[PDB]
Amino acid sequence: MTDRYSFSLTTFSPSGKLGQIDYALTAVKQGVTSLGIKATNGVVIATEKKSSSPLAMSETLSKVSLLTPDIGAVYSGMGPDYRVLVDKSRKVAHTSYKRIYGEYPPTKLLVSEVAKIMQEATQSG
Amino acid sequence: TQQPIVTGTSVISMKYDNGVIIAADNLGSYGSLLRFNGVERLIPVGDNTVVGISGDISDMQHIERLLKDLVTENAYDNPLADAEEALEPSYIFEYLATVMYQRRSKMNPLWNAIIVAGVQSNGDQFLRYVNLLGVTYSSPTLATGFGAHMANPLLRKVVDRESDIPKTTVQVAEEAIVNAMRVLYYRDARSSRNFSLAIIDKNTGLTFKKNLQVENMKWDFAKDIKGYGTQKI
Amino acid sequence: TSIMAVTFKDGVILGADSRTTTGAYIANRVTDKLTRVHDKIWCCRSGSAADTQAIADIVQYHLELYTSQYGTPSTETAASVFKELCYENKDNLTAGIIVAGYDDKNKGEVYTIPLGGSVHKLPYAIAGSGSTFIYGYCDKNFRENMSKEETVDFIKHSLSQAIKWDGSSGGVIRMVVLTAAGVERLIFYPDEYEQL
Amino acid sequence: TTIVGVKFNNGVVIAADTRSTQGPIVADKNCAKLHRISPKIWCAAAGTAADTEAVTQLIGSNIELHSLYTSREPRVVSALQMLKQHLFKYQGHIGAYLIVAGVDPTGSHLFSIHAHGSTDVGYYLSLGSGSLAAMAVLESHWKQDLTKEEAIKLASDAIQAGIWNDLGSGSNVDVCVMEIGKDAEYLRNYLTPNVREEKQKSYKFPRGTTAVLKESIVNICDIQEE
Amino acid sequence: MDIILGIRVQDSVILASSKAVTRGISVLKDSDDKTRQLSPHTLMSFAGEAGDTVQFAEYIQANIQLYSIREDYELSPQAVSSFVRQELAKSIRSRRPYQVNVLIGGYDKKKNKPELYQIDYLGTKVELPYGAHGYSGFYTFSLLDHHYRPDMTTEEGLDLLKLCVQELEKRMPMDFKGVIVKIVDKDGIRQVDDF
Amino acid sequence: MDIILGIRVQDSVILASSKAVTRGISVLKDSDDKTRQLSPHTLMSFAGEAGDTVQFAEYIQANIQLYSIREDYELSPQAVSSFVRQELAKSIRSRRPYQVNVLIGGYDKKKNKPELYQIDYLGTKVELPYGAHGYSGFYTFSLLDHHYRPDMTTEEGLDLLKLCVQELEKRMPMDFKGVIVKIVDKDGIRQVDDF
Amino acid sequence: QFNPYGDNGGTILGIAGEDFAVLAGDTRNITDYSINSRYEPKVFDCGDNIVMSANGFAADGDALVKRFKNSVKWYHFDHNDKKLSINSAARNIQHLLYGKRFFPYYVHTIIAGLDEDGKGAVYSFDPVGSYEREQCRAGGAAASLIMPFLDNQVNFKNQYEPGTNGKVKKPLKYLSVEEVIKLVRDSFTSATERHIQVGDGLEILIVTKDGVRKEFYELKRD
Amino acid sequence: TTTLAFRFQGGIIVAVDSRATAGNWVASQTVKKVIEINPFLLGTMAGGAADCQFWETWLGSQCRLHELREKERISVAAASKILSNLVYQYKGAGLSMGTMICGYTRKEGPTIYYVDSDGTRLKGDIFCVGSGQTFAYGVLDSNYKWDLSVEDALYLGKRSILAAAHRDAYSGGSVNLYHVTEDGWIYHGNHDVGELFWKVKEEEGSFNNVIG
Amino acid sequence: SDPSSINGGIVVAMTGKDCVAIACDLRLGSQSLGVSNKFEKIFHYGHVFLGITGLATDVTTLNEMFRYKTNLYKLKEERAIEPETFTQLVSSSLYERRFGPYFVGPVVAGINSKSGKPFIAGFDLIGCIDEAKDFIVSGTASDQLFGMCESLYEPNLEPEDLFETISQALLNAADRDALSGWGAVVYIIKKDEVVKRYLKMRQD
Ligand SMILES: *C[C@@](C)(O)[C@](*)(O)[C@H](CC(C)C)NC(=O)[C@H](Cc1ccccc1)NC(=O)[C@H](CC(C)C)NC(=O)[C@H](CCc1ccccc1)NC(=O)CN1CCOCC1
Ligand SMILES: *C[C@@](C)(O)[C@](*)(O)[C@H](CC(C)C)NC(=O)[C@H](Cc1ccccc1)NC(=O)[C@H](CC(C)C)NC(=O)[C@H](CCc1ccccc1)NC(=O)CN1CCOCC1
Ligand SMILES: *C[C@@](C)(O)[C@](*)(O)[C@H](CC(C)C)NC(=O)[C@H](Cc1ccccc1)NC(=O)[C@H](CC(C)C)NC(=O)[C@H](CCc1ccccc1)NC(=O)CN1CCOCC1
Ligand SMILES: [Mg+2]
Ligand SMILES: [Mg+2]
Ligand SMILES: [Mg+2]
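Protein chains in written order, with PDB author numbering: chain O, 1 to 125; chain M, 1 to 233; chain b, 1 to 196; chain V, 1 to 226; chain J, 1 to 195; chain X, 1 to 195; chain L, 1 to 222; chain K, 1 to 212; chain W, 1 to 204.
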């Protein structure tokens with residue numbers, strides 16, 4: 001009843017590749033298309049609701065998620081991984097920013113925090 | 001130095017156009033025990049003055065005897081004892097205020113708060129407070145204990161300043177006093193339902209009302225209150 | 001606070017006054033001190049309002065989780081969970097709790113848990129500041145296997161006296177009846193119970 | 001502080017005075033004591049000022065995350081539960097005394113919570129130093145089935161009683177109305193019965209009145225190019 | 001007041017008393033004479049609480065001077081010390097006692113002998129070859145236990161006293177600003193001006 | 001530990017520190033150096049609770065000497081004083097705080113200027129032309145307010161310091177057993193052996 | 001344990017002019033967070049063109065004023081109806097206060113009137129009777145708020161002549177009665193805003209050679 | 001408070017500050033801490049304001065009664081001892097007084113007596129008394145000699161109080177100066193510290209610790 | 001014993017027409033002993049000014065702390081922190097020491113660079129915010145400052161008039177406090193120029 005995996009599961013191969021990151025990018029390639037376009041007075045993000053069954057209620061599965069009142073997110077790849085990242089992204093916007101400065105973080109810094117969480121899953125044990 | 005043992009709670013009062021009203025409940029508490037249910041805490045002096053007392057009841061009974069003895073003493077060698085040389089509210093108050101401050105200055109107070117209500121010879125309303133420290137003050141409304149916190153706000157909505165006194169009738173003033181006594185019964189843990197009320201008017205004289213009860217109480221909304229948050233039944 | 005729970009022929013009845021005090025100020029005059037921990041297991045609360053609410057919330061959680069795994073808990077079990085919290089945290093708590101419940105097997109049961117965190121199973125129980133004034137009355141007037149109407153009257157007369165003499169008790173008399181028939185809430189106002 | 005809550009036909013109203021104090025001194029004459037927990041859950045605060053702000057913001061933050069997690073509009077009972085458990089854990093040391101109100105899919109709600117973590121339910125409530133003055137008004141004029149207009153009137157009258165009769169309270173009346181099926185309306189400075197009169201004199205000084213030793217420009221800009 | 005010492009030799013009694021008067025943070029004076037002549041052949045040194053010391057010393061002085069005029073006679077040192085002791089023993093059970101410790105050095109003209117009495121604020125009297133009050137005795141008694149002889153001259157007594165003062169100047173924390181020394185013998189009381 | 005003084009003149013910093021170590025009734029030592037060299041051009045004097053003083057001084061000394069070896073460089077007086085302040089400011093909210101007050105006298109070789117920092121046990125830092133800890137400053141600051149000029153020589157600084165010590169020897173109750181004086185300038189740290 | 005003292009709040013202010021003096025006080029009386037009265041007079045005409053106020057613990061204040069009023073009465077009886085001068089009144093009050101040195105009157109006392117040259121006079125007392133004559137004094141709960149303002153506006157402290165670098169002070173002047181009352185009203189309006197125990201009403205007693213006049217002004221009631 | 005008195009070739013110098021405090025509140029900057037008992041006697045006040053004012057004013061009355069009864073000016077020794085014996089009666093009751101009784105008589109010459117509320121009575125050439133006494137002592141003891149000019153001695157006394165006014169939080173306001181001779185006391189003016197400090201800084205070149 | 005009055009000192013801030021002013025005294029003491037007459041209590045991080053009264057070790061510690069935090073803010077955000085945001089940061093930082101607080105009375109002052117709006121705020125030792133339109137006071141002579149400001153202040157004062165008002169408020173308040181004074185500094189702050197003035201005051 002021990003977590004003995006204190007070592008990295010992503011390592012450098014002889015060619016300099018980080019295999020698990022490349023393989024993760026391959027999983028992203030298989031995922032459904034999503035896009036984003038920036039206008040002068042706005043930004044749009046969009047994707048296909050690929051329904052796994054017609055009996056399934058696709059309204060309940062939200063691929064496009066509010067992170068803060070002025071920030072939104074969409075993905076391509078593994079849906080469950082996205083869902084937990086949205087949970088963590090919403091929380092880190094409060095803990096590492098709103099509870100300190102009394103305002104929501106700017107887009108670039110919230111992105112930076114999400115990026116940090118994804119980097120750590122690329123190096124941690 | 002002592003501690004109060006058997007105690008009386010709020011005394012409340014106000015001025016109206018032709019006189020003054022004063023009231024106090026009929027309870028003598030022994031800490032949290034509601035020990036004595038027939039205690040009169042409004043004590044008339046002549047036909048022009050009522051002294052309302054809160055705090056220690058043993059000290060109240062002492063003060064009652066002082067006032068009774070004061071009437072006896074005023075009658076001595078005084079052919080105008082029931083006329084021009086009768087005791088005034090202002091005389092009775094100043095006497096008590098002198099005693100209260102003398103006793104605090106010997107570090108042996110009379111553990112009370114007192115309101116003297118009355119009407120003077122010239123028809124002027126008299127209403128003044130004194131306590132165990134000898135502190136004195138007058139105002140269109142006066143109240144002791146919890147009454148200061150709860151009765152005064154209500155009574156001040158009727159008479160907020162001196163200029164409101166002529167505009168306030170005896171019916172309006174009594175209504176305000178009776179409502180204030182109900183509010184105190186809802187909210188003061190050392191109060192009772194039964195109370196006494198006294199009106200001293202310049203025209204109609206002293207009217208002393210005994211065995212009054214708080215009535216027209218609202219408890220019906222209590223049936224709809226369940227739990228302390230999440231409980232639905 | 002004046003609280004009691006009384007077993008009778010068809011089950012058990014809980015009773016309480018509705019007063020909450022801060023010093024001598026009445027913070028709440030319509031308090032509900034009879035709280036549900038399970039469908040047919042309830043408690044009467046006295047002592048700290050914060051402590052007894054915290055405890056009761058934890059017990060409700062424990063019995064909800066018990067029910068999910070093992071089915072309906074006994075009244076004895078509910079009393080044991082209250083005890084465990086009161087005993088182990090005796091240094092930091094001011095809680096006097098009466099636990100009352102109805103099983104079909106055991107019928108009406110009453111357990112009292114005073115300050116130390118001891119448990120005592122009894123035919124009836126009284127507690128809170130106002131209970132001191134009615135030990136005499138309750139001992140002389142309690143009988144076993146009373147009817148519903150008799151037990152309502154016994155609690156109404158008892159808490160009426162507790163309210164009359166205790167300044168820390170007052171307001172309405174709330175009651176909760178626990179039988180096979182279900183759960184009945186009763187309320188009795190001052191104009192009714194003062195003239196008794 | 002004087003804070004109140006009053007239930008009505010289709011919702012709930014809360015109100016507060018605007019005075020904050022430091023000893024016997026008035027630190028702020030236009031303090032805002034109505035805190036938004038979520039769009040339709042608001043609360044009035046009394047007690048240690050820093051604690052009331054910190055506690056409303058923490059639970060308001062966690063309520064927002066809970067709302068996003070569950071895809072549901074926040075409930076008043078959740079704010080209540082999270083507030084009481086936090087305050088109980090700190091054994092009264094966090095000096096927050098709050099009246100918590102709101103509307104949610106379950107209906108309209110009104111609660112009070114004390115610093116030690118006890119809560120209570122009611123149709124009308126008051127808290128703070130002026131709570132006795134406010135409760136006197138509430139006990140005299142409250143009835144069942146109040147309209148919106150009647151409840152706003154009663155709530156502000158109850159705050160006024162605190163303003164005039166309690167030295168702890170003063171200045172202005174702030175109100176927030178939460179009605180079922182509507183946006184919550186925050187009415188900042190709903191009453192302003194305490195404007196200062198004009199002063200007798202102007203105290204503007206002649207230029208050059210104060211004696212100076214040295215002057216210098218302060219560099220607030222960053223290190224420059226070239 | 002800090003250090004008062006006494007030593008009885010062959011034909012005299014020597015009293016040494018510190019010059020410092022200190023209130024809290026500051027040394028207010030460095031030339032204070034902590035003694036009163038009670039009679040021509042009897043000297044009392046004193047130390048204790050501020051005010052009490054001088055008030056008590058002058059009160060005793062007045063009483064002994066009164067006795068001297070009334071009887072036209074000088075009380076023996078033993079008699080003066082017994083009077084002083086009784087006044088202090090009376091004082092200790094009063095509303096506000098005198099917090100004063102004293103040494104009485106006298107030459108008894110009847111017996112032709114020097115005498116030194118140590119009396120504390122409680123009225124505890126002892127006749128001694130050498131004495132001290134307060135923290136002084138913690139250093140000086142061991143010295144005197146080593147170096148004292150009963151048949152010493154007055155000059156030998158002064159050298160032995162220099163050795164006491166040197167030790168107190170080395171090891172005590174407070175700067176007591178030196179000592180005024182007075183000799184009591186058959187010819188009366190005189191002050192050693194250079195010490 | 002009782003008296004520590006500091007004065008910054010034109011081209012040097014002078015620190016004067018008392019020699020007495022007293023426990024209760026007895027003066028245990030009269031030649032105690034209440035200072036540590038932190039670096040070749042930085043000296044720290046110290047006073048406060050027994051044990052804490054030396055432990056803290058030697059702990060700071062070890063840390064600055066470690067820095068000097070690692071970087072092959074001497075920290076500026078300003079940098080050393082900021083390090084010391086932070087250690088004391090950290091200390092004050094600990095289980096058992098360091099009850100130690102310090103003066104830091106240094107010569108900044110970069111700016112070619114003497115510098116004197118006064119820091120108390122709370123971590124209260126000030127740069128001053130002259131400084132003192134404890135009861136010393138109650139006497140010495142008024143003197144220095146009268147007699148100090150910024151363009152004084154080291155000899156003038158030493159004479160001004162003699163005037164401070166004379167005043168402390170006159171008016172303070174405790175015998176502090178004189179002072180060890182040390183000068184900090186461009187050439188380093190040296191002790192004035194006759195004072 | 002029984003505590004023989006209390007705090008009734010309130011604030012008072014004396015200002016001396018060239019041929020007049022004022023003594024002002026708020027009319028609010030309080031205990032803890034309760035208002036006892038919105039109009040309870042605190043400044044009193046004591047006869048002989050002397051006005052007095054003993055602010056603090058109201059029972060001790062009333063007792064002291066009552067004893068001083070009586071002292072004036074007996075001064076008339078014992079010295080052939082002679083007018084008690086303001087300096088003599090002040091020394092008498094010192095003895096009244098110092099008489100209770102070991103059980104003090106818990107008050108700050110101010111008296112105002114005219115001196116024997118007809119010039120405006122304000123005297124100020126601590127609880128145990130130390131006194132001083134001044135051009136200015138505020139006493140009571142909001143004294144700390146009001147006094148610095150009076151130093152600045154009555155005695156022209158920290159004010160210099162413009163253009164003199166900072167070497168010629170603003171020269172001292174006597175203020176008119178109209179100018180003094182403006183400063184009194186602004187002092188109390190300011191104190192009422194920031195002190196909870198100050199409010200309800202302002203009562204000013206003005207003393208001239210002609211006698212004692214009164215003025216009353218409303219203050220905020222919160 | 002800071003007060004001082006010292007003896008020198010040309011008589012006695014007495015200098016005091018003018019500040020009264022209630023905790024950290026500055027109650028007054030214009031108090032008179034010297035009492036003129038008669039033309040040859042001065043009293044200085046430090047400690048409780050009331051205690052000092054009352055009992056030193058009372059002392060003046062007792063000195064006046066002495067000269068009515070004995071047809072002769074009271075000695076400085078006798079005047080100081082009336083006050084010290086009085087405070088000794090009150091010992092433990094909590095009076096707070098630190099005083100100097102300074103004067104000239106033919107039989108004594110110029111004399112200074114320190115008297116305080118715990119009962120201490122001391123004759124001496126130099127005394128500084130009050131919260132700021134240490135600061136005054138620092139300046140005074142360094143520049144003191146027996147044979148200063150009257151002009152130099154007056155300045156040193158003024159300068160010593162200024163020093164204490166600067167450093168001591170509970171001293172300040174102004175400096176009141178007196179000079180006592182064979183012929184009596186002479187007042188040498190009130191000197192506001194707000195002007196005196198800057199004057200002394202410029203002329204003396206002292207107070208280099210301050211931004212000026 | 002009381003940490004807030006060992007060292008002494010005061011800070012005051014005021015708003016004017018398109019400007020703010022913040023001022024402080026220069027005293028640091030150990031109760032009755034004056035130690036330093038150069039201990040400034042106003043600091044700045046870009047265009048945001050912070051005054052701090054109270055225990056001097058905590059004044060210095062908090063200056064170093066907010067320099068640290070605003071330096072990191074600027075590196076990450078790529079812009080200077082604004083007064084409104086800095087106020088929240090002060091509050092957050094104080095409240096995280098709720099049960100072992102810094103014994104201080106901070107005062108924020110500045111002009112928002114985007115909106116141009118004058119801004120001031122004050123705090124208690126555990127971080128409660130008082131965001132005043134008119135003025136903010138702090139320190140051992142706070143009662144005195146409240147009295148001066150409440151009478152002397154009027155809205156919409158020009159920079160050179162506002163200088164006179166704030167200076168007279170500080171000076172006269174300091175002279176009624178034993179633990180304040182010993183010099184004073186006044187900052188007049190406009191959208192893109194800041195003037196600093198040392199005041200001549202009595203040195204006792
Ligand atoms: C009325 C009754 C007989 O006591 C009965 O037991 C009820 C039962 C409740 C409703 C379940 N108990 C109360 O009303 C308690 C009595 C009590 C007070 C203090 C300690 C234990 C019990 N009242 C409260 O718990 C009260 C509820 C608030 C008003 C919502 N809380 C307090 O009075 C609070 C408790 C602090 C405390 C908690 C635990 C142990 C010790 C103390 N106390 C205060 O706020 C104190 N108050 C004193 C006067 O100045 C204001 C502060
Ligand atoms: C005013 C009111 C009628 O009581 C009402 O309840 C308001 C409601 C708020 C605004 C939500 N309450 C207050 O204004 C509180 C009253 C209070 C004071 C003190 C303790 C508890 C309650 N006022 C404050 O909290 C005040 C806000 C400032 C003026 C912005 N803060 C303080 O007074 C502060 C509290 C410190 C404290 C620390 C630990 C536990 C509890 C409280 N105290 C000081 O600032 C005192 N002092 C600190 C050192 O520097 C000098 C000043
Ligand atoms: C300046 C100095 C260093 O203290 C110097 O010794 C002067 C010399 C005087 C002016 C001759 N002493 C004072 O200023 C004393 C200091 C002191 C205070 C208290 C006890 C002993 C010494 N100041 C006073 O005596 C003070 C003068 C007033 C402010 C004009 N009076 C009080 O502080 C006063 C009486 C104190 C008292 C009470 C009972 C028995 C004995 C003494 N106290 C108050 O007024 C209380 N409080 C009320 C609200 O405002 C703050 C003050
Ligand atoms: Mg109010
Ligand atoms: Mg000073
Ligand atoms: Mg000052």
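Simulated from the structure, these hints should not be mistaken for laboratory data.
For every residue, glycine included, the Cβ atom is placed at its ideal position computed from N, Cα and C.
Any given hint might turn out to be false.
[What the hints assert, rightly or not] Quick list of in silico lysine-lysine cross-link-like pairs, DSS-like style, CA-CA up to 30 Å:
1. L/170 to L/182
2. L/169 to K/158
3. K/91 to J/19
4. W/76 to W/38
5. O/98 to W/38
6. L/100 to L/82
7. M/218 to V/29
8. V/143 to M/226
[To be verified] Residues of chain W clear of chain L, computed beta-carbon distances all greater than 12 Å:
9. 61
10. 88
11. 97
**Prompt:** Does the alpha-carbon distance linking residue 91 of chain K and residue 19 of chain J stay inside the 30 Å limit?
**Reply:** Holds - the C-alpha atoms of residue 19 of chain J and residue 91 of chain K are around 24 Å apart, at most 30 Å.
**Asked** For the pair supplied as a hint, residue 170 of chain L and residue 182 of chain L, is the alpha-carbon distance within the 30 Å limit?
**Response** Answer holds: residue 170 of chain L to residue 182 of chain L is near 20 Å, not above 30 Å.
**Asked** Keeping to a limit of 30 Å between CA atoms, is the pair of residue 169 of chain L and residue 158 of chain K held or broken?
**Response** holds (22 Å)
**Asked** Is it true that the CA of residue 98 of chain O sits at most 30 Å from the CA of residue 38 of chain W?
**Response** Roughly 38 Å separates the two Cα atoms, so the pair is violated.
**Prompt:** Within a Cα-Cα threshold of 30 Å, do residue 143 of chain V and residue 226 of chain M meet the stated pairing?
**Reply:** holds (19 Å)
**Item:** Pair hint outcome, residue 76 of chain W versus residue 38 of chain W [Cα-Cα no greater than 30 Å]
**Value:** violated (34 Å)
**Asked** Given the hint that residue 218 of chain M pairs with residue 29 of chain V, does the C-alpha gap stay at or below 30 Å?
**Response** violated (37 Å)
**Asked** Is the nearest Cβ of chain L still more than 12 Å from the Cβ of residue 88 of chain W?
**Response** Holds, because the least Cβ-Cβ distance between residue 88 of chain W and chain L comes to about 26 Å, which exceeds 12 Å.
**Prompt:** Does the claim that residue 97 of chain W lies off the interface hold, with its Cβ farther than 12 Å from every Cβ of chain L?
**Reply:** With a cut-off of 12 Å, residue 97 of chain W remains clear of chain L, as the shortest Cβ separation is near 28 Å.
**Asked** Within a Cα-Cα threshold of 30 Å, do residue 100 of chain L and residue 82 of chain L meet the stated pairing?
**Response** holds (27 Å)
**Asked** For residue 61 of chain W, which was marked as not at the interface, is the minimum beta-carbon distance to chain L over 12 Å?
**Response** holds (30 Å)
In terms of the numbered hints stated before, the structure departs from hints 4, 5 and 7, listed from lowest to highest.
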